[PDB]
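The chain below stands alone, shown as structure tokens; this is the form solved without the DNA.
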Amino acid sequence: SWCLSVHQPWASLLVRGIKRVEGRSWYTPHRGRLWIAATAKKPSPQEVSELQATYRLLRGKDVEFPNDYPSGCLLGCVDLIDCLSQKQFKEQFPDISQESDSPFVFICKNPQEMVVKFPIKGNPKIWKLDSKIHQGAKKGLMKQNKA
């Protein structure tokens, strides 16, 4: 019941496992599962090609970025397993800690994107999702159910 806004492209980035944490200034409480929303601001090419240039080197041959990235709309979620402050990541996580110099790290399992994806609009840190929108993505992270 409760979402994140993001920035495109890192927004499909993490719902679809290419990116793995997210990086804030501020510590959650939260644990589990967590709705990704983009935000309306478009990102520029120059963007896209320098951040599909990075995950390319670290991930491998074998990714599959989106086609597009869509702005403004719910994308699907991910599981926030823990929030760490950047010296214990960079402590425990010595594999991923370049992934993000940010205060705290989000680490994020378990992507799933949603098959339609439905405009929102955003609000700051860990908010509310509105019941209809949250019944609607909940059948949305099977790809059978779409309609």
Given for the second form:
There are 2 protein chains.
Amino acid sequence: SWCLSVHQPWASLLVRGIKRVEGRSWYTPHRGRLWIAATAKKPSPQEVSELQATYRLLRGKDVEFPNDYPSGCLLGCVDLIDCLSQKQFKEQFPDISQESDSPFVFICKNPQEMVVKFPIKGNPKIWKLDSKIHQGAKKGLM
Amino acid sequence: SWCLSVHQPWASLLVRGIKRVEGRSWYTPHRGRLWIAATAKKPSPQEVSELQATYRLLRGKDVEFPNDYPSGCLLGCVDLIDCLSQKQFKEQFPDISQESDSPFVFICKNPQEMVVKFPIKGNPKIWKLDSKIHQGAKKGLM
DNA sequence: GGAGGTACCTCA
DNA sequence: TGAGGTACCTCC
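Alternate state requested, the form solved in complex with the DNA (shown: the form solved without the DNA):
After this comes the whole thing, all chains and molecules, with the earlier chain placed first.
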């Protein structure tokens, strides 16, 4: 039921598995499925292309980006398998530890993207999806 | 017929005779009567009190400020008797030369403040008043 | 100028 | 967060 709002384009890169971690100033004990919502903040076409170029260098020339990075909607989910301090992140994930310098690093696995994305208004930190949109999101995930 | 738009509170201080010069980056050959209009930019009550404190120190304890500094209106007029370079300003007005460091300094005399001030939309530099507001302004000056 | 789009900032 | 007030910026 629990959701994290993330700015685009990083939001969609997370549910595509291209971005593998998300950094925050705070810790969460939450483990398991974590829904990902894009914030309302639209990214300029410039930062989308620059971030895409960067992730091409990190992941390979032919990585498949989403066609769009829609704002203000529920995108999909990840499994939040750990929430690591920066020190723990460097010890356990040396190959990607450069990808976040935040005090706490959310380690995400098993991303899933919704083919139909639903408009939504987010909140800070981990917040709870409303039942109706949560039910429709799980149905979409077939 | 010619007018200069000036930000408040400086605009009203000019037509009161409290501010004696106005600095600009450009020169004008205009001499004689120059109407003074306040721009639309409203001044914060903080810059009004700080500027009043400063001019109290420059002119004396009991100098009489206007009760209000209205924006976007025709305030009055001065006689523009010279337009001096900064070098000429220092040579000719050593007692007040510190009051403007602009490339050109408009030397104003015989200020008159209108009892009834008329709303107006200004322009850059010296611009020409419309004849209806000019006629009404001259009449107000009795 | 004056007008208004946009980025920035704050939020009993 | 999302919302919107405000300051800042540009202007065939």
